[PDB]
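Trainee: Listed below are the residues making up each chain.
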Amino acid sequence: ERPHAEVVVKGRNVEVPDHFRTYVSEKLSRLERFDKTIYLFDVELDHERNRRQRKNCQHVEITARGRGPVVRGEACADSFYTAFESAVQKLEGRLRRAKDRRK
Amino acid sequence: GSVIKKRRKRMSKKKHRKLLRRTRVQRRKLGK
Amino acid sequence: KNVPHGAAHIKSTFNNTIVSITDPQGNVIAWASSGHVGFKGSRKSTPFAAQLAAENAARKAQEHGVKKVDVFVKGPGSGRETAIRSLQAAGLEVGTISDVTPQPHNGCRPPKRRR
Amino acid sequence: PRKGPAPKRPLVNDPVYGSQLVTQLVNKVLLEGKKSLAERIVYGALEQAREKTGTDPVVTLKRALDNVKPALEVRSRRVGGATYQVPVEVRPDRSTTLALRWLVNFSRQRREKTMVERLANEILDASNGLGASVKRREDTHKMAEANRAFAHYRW
Amino acid sequence: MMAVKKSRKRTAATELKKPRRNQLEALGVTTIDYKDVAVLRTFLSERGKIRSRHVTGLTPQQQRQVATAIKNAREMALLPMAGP
RNA sequence: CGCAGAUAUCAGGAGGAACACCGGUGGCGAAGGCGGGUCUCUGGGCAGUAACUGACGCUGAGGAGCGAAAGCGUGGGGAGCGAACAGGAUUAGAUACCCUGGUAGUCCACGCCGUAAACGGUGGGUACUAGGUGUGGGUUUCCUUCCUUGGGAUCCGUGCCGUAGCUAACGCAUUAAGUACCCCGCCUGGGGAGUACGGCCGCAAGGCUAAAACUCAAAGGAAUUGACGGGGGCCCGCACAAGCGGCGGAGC
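Chains as they are written, first to last, in the entry's author numbering: chain Y, 1 to 103; chain B, 2 to 33; chain K, 23 to 137; chain G, 2 to 156; chain r, 1 to 84.
Hints were generated in silico from the structure; no laboratory data involved. Among these hints, one or two may not hold up.
Straight line, CA to CA, 25 Å or less: simulated SDA-like cross-link-like pairs of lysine to any residue [said to hold, decoys possible]:
1) K/62 / G/74
2) K/33 / G/151
3) r/71 / K/33
4) K/62 / G/70
Please put together the full structure from these sequences, using the hints given.
Mentor: Okay, structure coming up:
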């Protein structure tokens, strides 16, 4: 199931350098590491582009399939890196908890 | 009563303790 | 040879159950357990194992020539009286019951707690 | 039904035979509303049995039902790290019903070229004590024997 | 004729009841001696163990005196202790 | 671990730690703590009589002594339990829980260290300050059987509820966190830190005494509403269960 993590990279309207793609696929491999139950990872990279913003420029929705229970991690930050890492850590909480309750 | 306070105390204590476990040799066989 | 009347010891615990027939002197004739009945591991705390084990041993004692029994029980047993019913089903006369589970007078240290 | 159950439907009697297990049978073999097709299949098969045996097919039917109808079955439960199967007694209603379900679903995968023939031969085979229905019922009793140990649950 | 309480009729009773009892100064006594085992067998069960105060009624004085006597008795085998 | 004859069962012996039922919001000890039994040696407290001296009292820096357990040393002993440690299993990985085994240690004698949530988180001594309620001990008068949680009063200790009063609140409340005096120790923003340097003690571990630079604009206590909970209790919904057909497999 190791390349079976169905990567889904995407951005509605953002300048998306293709090294962000490297970042995303690597940070998702990082949790392939400790969850061997994975089918789908739909992911977004969104941008509200309002003027005089409320401290939260970029946004991310993430959802993942497991055997039955699906996982959901949403995040928000100024740029790509805090968004990636924050949604990653929220998924890590979810998945530590899920593999603690799995048994 | 809380335990946050006692925990910060405990952590400082522990780190100093482990430092002394690691320097039990050098302290003795230096400061004579 | 044979003995018409003897005694029976029944040791029921959390994870197993076992019996043994014996003279009042202490000389066994016949015994059985859930391991010889066939169950294994974790199934053999149930009273059904007690039924089958006591039944087999009682029939062995019927073979070696027993007709009446004294009965002595010991330990945490879900199926004590279940084994008793099995014995009295097997065609044996219940002599005398006694619930001697060995209690100490606050002696040797037991192990610690689990979780 | 957290508040409570509701009644069962009042089966009709058969216009021809005088038995409501037959209307139960057509309603269990039914598929896609073709009740009259079920009816004519069943009547043809039972009359095939009549010419096979020289007598009423209903008696051999109920004899087959006496063969394949259990009164004990399984009911699982998840407990303590390993899900346990448990024997549970079965009231005659669901006994007959599940027996008929076995009967149909193991009739369908036969090779008499036609449902009417498959079904009739299965019924005869079960009256005789050979059908896969009987086989599965024996497997059920085998399981109950293997798991008598869990009756003290009484559930 | 009269009730167990509301004893407005006799003097303050020199009698004992279910809450109150001082069973030894009450009755059943010659004197507290480990010798007299027939008396000490009354403050036990058939399984040899010992009663409590809210069972018997004794003061702690008599209780502990009697328990010590019992225990000396089991030591000198004058009394069947619980065992094999 | 056994299949080289286990487990079980019985007869006996060897053996060393802890001593069920009494025994618990119960007794003693300044504190730590303290029960198998018997003997010896010894201490303290309480009440009553209030015969005796006649303010000798209270506190107490410094200082000495005692002081749970784990530890250290010499010696002895070592059944069970068990740091470490080995393996098994779960695990994504488990140097961890769980299982099997098992050394130091727990135990005794003689010395050490001298700390803990060593807690009533309430220093000691003393007088007055509404009560009720159980309870342990000892005196004593009346209905008096005078063989009694007898009952009442009294003294000492011990717990619950509860006035005024008090406190940020919680709650304390005649055993005060109330009202007042006497004496001691201690704190003066959080961190850095009960840390380093220096010193004293100690066989060693380590303890006591004890700062600064630097840095933060807070650290915090009690309580309220909410939300949450792999906390609990009462309930419902095609939520599962029962039962039927589908999806994912193929083509459009």
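Trainee: All hints are to be evaluated individually against the structure, with a verdict given for each.
Mentor: Outcome of the hint check:
1. K/62 / G/74: holds (24 Å)
2. K/33 / G/151: Measuring from Cα to Cα gives roughly 21 Å; hence the hint holds.
3. r/71 / K/33: violated (31 Å)
4. K/62 / G/70: Violated: residue 62 of chain K and residue 70 of chain G sit about 32 Å apart, past 25 Å.
Violated hints, listed in ascending order, are 3 and 4; each of the other numbered hints is respected by the structure.
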